[PDB]
Amino acid sequence: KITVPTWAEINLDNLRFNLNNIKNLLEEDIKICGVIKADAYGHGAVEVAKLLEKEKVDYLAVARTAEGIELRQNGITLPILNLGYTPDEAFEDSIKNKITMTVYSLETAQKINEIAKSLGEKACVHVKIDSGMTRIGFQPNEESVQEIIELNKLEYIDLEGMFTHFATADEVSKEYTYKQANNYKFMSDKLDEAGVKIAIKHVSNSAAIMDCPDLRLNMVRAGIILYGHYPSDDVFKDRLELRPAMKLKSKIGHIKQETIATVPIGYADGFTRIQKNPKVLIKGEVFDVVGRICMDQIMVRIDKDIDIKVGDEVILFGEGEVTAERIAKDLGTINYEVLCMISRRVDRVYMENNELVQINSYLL
Amino acid sequence: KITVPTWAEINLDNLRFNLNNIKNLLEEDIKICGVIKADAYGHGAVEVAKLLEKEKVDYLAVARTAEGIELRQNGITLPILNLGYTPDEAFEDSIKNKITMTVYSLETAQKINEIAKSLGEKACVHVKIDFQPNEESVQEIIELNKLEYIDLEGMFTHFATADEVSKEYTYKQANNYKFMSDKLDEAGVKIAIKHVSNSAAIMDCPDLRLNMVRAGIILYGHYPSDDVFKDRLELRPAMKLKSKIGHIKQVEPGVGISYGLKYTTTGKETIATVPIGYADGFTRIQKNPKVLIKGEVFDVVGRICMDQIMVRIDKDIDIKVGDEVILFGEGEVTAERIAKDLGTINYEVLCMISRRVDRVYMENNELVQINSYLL
Ligand SMILES: Cc1ncc(COP(=O)(O)O)c(CN[C@@H]2CONC2=O)c1O
Ligand SMILES: Cc1ncc(COP(=O)(O)O)c(CN[C@@H]2CONC2=O)c1O
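Listed in order, the protein sequences are those of chains B and A.
Using the entry's author numbering, the letters of the first sequence correspond one by one to residues 3 to 259, 278 to 384.
Using the entry's author numbering, the letters of the second sequence correspond one by one to residues 3 to 132, 140 to 384.
Quick caveat, the hints were computed from the structure, so don't treat them as lab data.
Treat the hints with care, since some could be wrong.
As the list claims (entries may be wrong) - List time: in silico PhoX-like cross-link candidates among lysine-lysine, alpha-carbon distance up to 25 Å:
(1) B:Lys329 x A:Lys130
(2) A:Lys130 x B:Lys349
(3) B:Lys3 x A:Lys113
(4) A:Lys329 x B:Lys113
(5) B:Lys3 x A:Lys98
(6) A:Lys52 x A:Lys33
(7) A:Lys296 x B:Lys296
All chains should be built: construct the whole structure from the sequences, respecting the hints.
Here is the structure:
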């Protein structure tokens, strides 16, 4: 069944476990947006979306029009929100495929409106508020409020939602986070007061869902925690029990007498050469990767008395002491990036009840 | 029509230039193997293969059965050599798709042979030498050569240090190969294709041509190191990683930017947000990330996010949303620069370009083709 030497194993059971533990945090009326941008953080957006439609979630979020359309082309019917920039070249496609667009200027809204009029159907949009991230969004001021009342009047636009995003909600002190929330509440209250109707207000990411049970509003945005990982070591982990879903695996391709094992995974699979202390798990024991990581393979020193043969399974992360977090720490980056590094040629294989149920090649 | 906010622009003209300058190094009868593993080092294996069939090259090389089969599924007819490991689970598919397999041992050759027998057609194989270069290996090879449903077509080794200043070790490896080559010549064994040279060797070692050379990094317009003889071979990089300015704003003094608010403004600043992030392969690890906009270099500020970055515009330029941003492949922003910042190599920076980044191909300064790996 598996014909590639190196694959990403995704445990669908663990995803369900994570989602259900997330849902147990939430009250009945609070909506869940499943964040599945960057191919569901490396796990496979189409498949993870299929699971989310089954488990019933209220919205899907992506980072790009094309990620949105890929989901549509694969049968997905859930509302999809592009969280970021939509270039003008992609408005038509967004509207035709019912992808909800993030909007953060009146100019953008007006051009979208012309296209939606042109096509003779409404564009659904969510307004972004820059509450403290300084990334995307309207500033939280009197000027933005009027610009929003204005864009709300554009026939051929359904101003459905409004959101902001926290820059430091995974840190110990939530001061800045609540400072951001207040900037949002400013816009929320002024628009409430201006008779502008916004069905979906949302602000909470994974960190906020966990640590800030007062920031639920109409909906929350669950990303990293869906996949079985914490946004940091500083969040209240005891609130939510998680199982990581991804195991990055290869096979022992060669053995040689030190005993050196050659494994057919390299930096072009996302096992980055930058790692200063690369390690692997084999038959429950951790071993050093030795010499430079190559494009398509690495050499590992077996310095323990284990019976090991060509074909035996190697785990790069997702089990025992070899974790995406460990690699991230070695890199000086974050688990998010390690997950997203898994490259195109790495087949995603999905497990369920300990059976392989599906294998996706991104080449064939 | 480009509809993605972030793309990898591949200049086909430059690829042709590189290949032709490579061909000018080579004598009439020496074959070229175009190394296009890892999706042609991020440039697009299918398209680069199409170009190579057009420009005529002898052979294609890949790192994985599936890379080989992807090329076949897209009409490619050139010989393809899997340079790396073929698991037993993939022998059948290799043979059925005429993917030439690298072999290291008699035992592997014999199993392949059974499958080829089973399928009633020959497997094409190339022998790899570290097969120790001793008398034992030479008989083992004369043995495998006999096996009926295998075509022992070629034999090769690969240099570990040919891009360094001193090749001593390289010529040490070459000798070990020449031992095997001469003993098999002397036995009855044919070997139509003997090859050893990678990009570094093609450049610095004009005596290691044999029947064929393996051109990789150089094809794409990059040098395997700073130590090779660059003056022998003029290269034009083929790839430009680009995005668009997605948002632009004037930010007050002392305001934090991005996760952890690790950059705070030091006066009023113009901040451009660009829709490229670490999940497009613009790694967050970079300590000094930069971008080129309207010919000027700018600092990326605050943490690089999954899907976007913040850029301080501190020069009097006229920039509007939609304007073009270059992450590398032009002027001072190069894959090599990023590699050096990271403590890795240009090879890795090229290969980091992720699936969602559309490859768009240019030719005479016109867009001729756009490939989405999502749609
Ligand atoms: C607008 C927005 N909402 C929700 C999320 C989900 O966050 P969690 O995954 O922490 O729940 C992200 C993630 N943005 C990624 C996370 O890291 N860097 C980024 O840009 C985001 O940009
Ligand atoms: C067997 C073999 N031959 C030829 C090449 C071509 O190398 P150049 O790109 O230098 O021409 C490679 C690339 N191997 C890559 C280069 O860096 N690390 C690797 O594992 C290879 O593995």
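Do the hints match the structure? See the list:
A threshold of 25 Å between alpha carbons decides the hint, and for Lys329 of chain B with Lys130 of chain A the separation of about 21 Å falls inside it, so the pair holds. Only pairs whose Cα atoms come within 25 Å are accepted, and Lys130 of chain A paired with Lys349 of chain B is rejected, the gap being roughly 38 Å. Taking the CA atoms of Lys3 of chain B and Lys113 of chain A, the gap is about 19 Å. The hint holds against a cut of 25 Å. This hinted pair checks out: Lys329 of chain A and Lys113 of chain B have alpha carbons roughly 15 Å apart, not beyond 25 Å.
For the suggested pair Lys3 of chain B and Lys98 of chain A, the alpha carbons sit about 17 Å apart, so the restraint of at most 25 Å is met. With a C-alpha separation of about 18 Å, the suggested pairing of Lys52 of chain A with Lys33 of chain A holds against the 25 Å cut-off. Restraint check: the Cα-Cα separation between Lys296 of chain A and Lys296 of chain B comes to about 16 Å, which is no more than 25 Å; the hinted pair holds.
Hint violations for this structure: number 2 only, all remaining hints satisfied.
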